[PDB]
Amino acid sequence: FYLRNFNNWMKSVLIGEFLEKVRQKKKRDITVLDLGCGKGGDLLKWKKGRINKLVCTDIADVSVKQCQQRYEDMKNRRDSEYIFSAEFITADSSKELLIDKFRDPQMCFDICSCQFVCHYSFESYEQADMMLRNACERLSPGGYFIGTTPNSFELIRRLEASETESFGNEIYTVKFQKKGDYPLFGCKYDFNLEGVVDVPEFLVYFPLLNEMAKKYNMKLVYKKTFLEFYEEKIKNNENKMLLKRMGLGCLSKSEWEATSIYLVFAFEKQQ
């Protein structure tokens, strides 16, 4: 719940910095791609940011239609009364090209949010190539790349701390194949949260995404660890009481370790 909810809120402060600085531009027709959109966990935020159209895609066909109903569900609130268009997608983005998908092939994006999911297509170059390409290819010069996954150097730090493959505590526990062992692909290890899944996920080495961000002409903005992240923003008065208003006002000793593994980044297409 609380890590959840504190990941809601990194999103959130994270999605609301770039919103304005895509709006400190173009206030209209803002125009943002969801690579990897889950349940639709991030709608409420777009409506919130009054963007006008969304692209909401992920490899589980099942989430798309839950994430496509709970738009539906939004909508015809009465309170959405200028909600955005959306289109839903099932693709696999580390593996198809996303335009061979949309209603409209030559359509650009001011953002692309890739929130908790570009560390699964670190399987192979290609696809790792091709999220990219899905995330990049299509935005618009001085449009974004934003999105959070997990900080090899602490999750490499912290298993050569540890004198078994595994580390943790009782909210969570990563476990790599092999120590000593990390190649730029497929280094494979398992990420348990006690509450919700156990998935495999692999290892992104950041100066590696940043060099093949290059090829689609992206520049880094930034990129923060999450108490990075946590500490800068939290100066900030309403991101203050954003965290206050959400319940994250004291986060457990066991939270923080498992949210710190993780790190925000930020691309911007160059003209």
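Numbering follows the first chain given and starts at 1. Rigid core here is just the name for the largest C-alpha set that superposes within 1.5 Å across the two forms. What changes on going to the form deposited in another entry:
Core-based superposition between the two forms shows that, of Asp73, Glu160, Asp100, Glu81, only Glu81 has its Cα displaced by 2 Å or more.
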Given for the second form:
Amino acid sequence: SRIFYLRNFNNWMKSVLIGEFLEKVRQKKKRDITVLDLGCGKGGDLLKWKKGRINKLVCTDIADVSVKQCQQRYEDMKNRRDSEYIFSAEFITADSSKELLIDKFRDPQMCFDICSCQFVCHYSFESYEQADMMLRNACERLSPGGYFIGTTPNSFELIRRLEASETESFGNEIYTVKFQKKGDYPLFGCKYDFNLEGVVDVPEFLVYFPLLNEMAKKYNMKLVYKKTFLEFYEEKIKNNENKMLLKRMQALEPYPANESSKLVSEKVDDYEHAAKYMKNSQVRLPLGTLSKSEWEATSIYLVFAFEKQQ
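What would you give as the form deposited in another entry, now that the form deposited in one PDB entry is on the page?
Next comes a single chain, given without company.
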């Protein structure tokens, strides 16, 4: 609830990211779209893929309870008898950093047009073999022209804040990051603690993107683009369909508040940027924005997309 809009914004990011590359794939394929949702969680993206009209989805995760729960949502969606088409689906419990997915698929010859890895990649960089294995499961069975898309913390921003901090910790009322040590950052196994009041409290690993870029070349992948969350937003909101969606998903908080409602943050200067903004020649009100606290926590992330060469 304190994090209500933080969630919606992140969901909007995935919607637009997924949306963009669904349109690209369909521009090339003109047939049944197959997608791998790697580290699917409890199925937060099930609805997104349903809206995207894909034909088959494969949901996989290390947490067996999550996967089945993901399966349960999907069953509930398909079992709600209406007119909407839904993808056929497949659910696999598996460590995608130590296990080969191709041996687990129903179809041994399975290929994908898109692998979607949202907020998962950095767990694989515990070691080289695990990182290579996840990259392999994500990219090797991609159809030529297919994509590897996802979201993961920006190590540049992480190290920036770490080294600027007085200690080995940094964060606020909403998130916390704790490195064991600064100055030393191994290519693999660079461990930090991550706590996001409302979503995670789970050790993560530093992902040096030039490294991920290099490792991905192993499976004939070229970089499509890599963007900070602000950059991706600044591009995507330039499209009114994306902007209307931003509102419908309530991905920003209305500002200023109604006399009868409340801002989400009680923190004293959490909305200074918004206040300063409407101190210029008049703004059309109300504003949509995010608390400074929430933005600090989510601006840490970047978006990436790789393409499978021909």
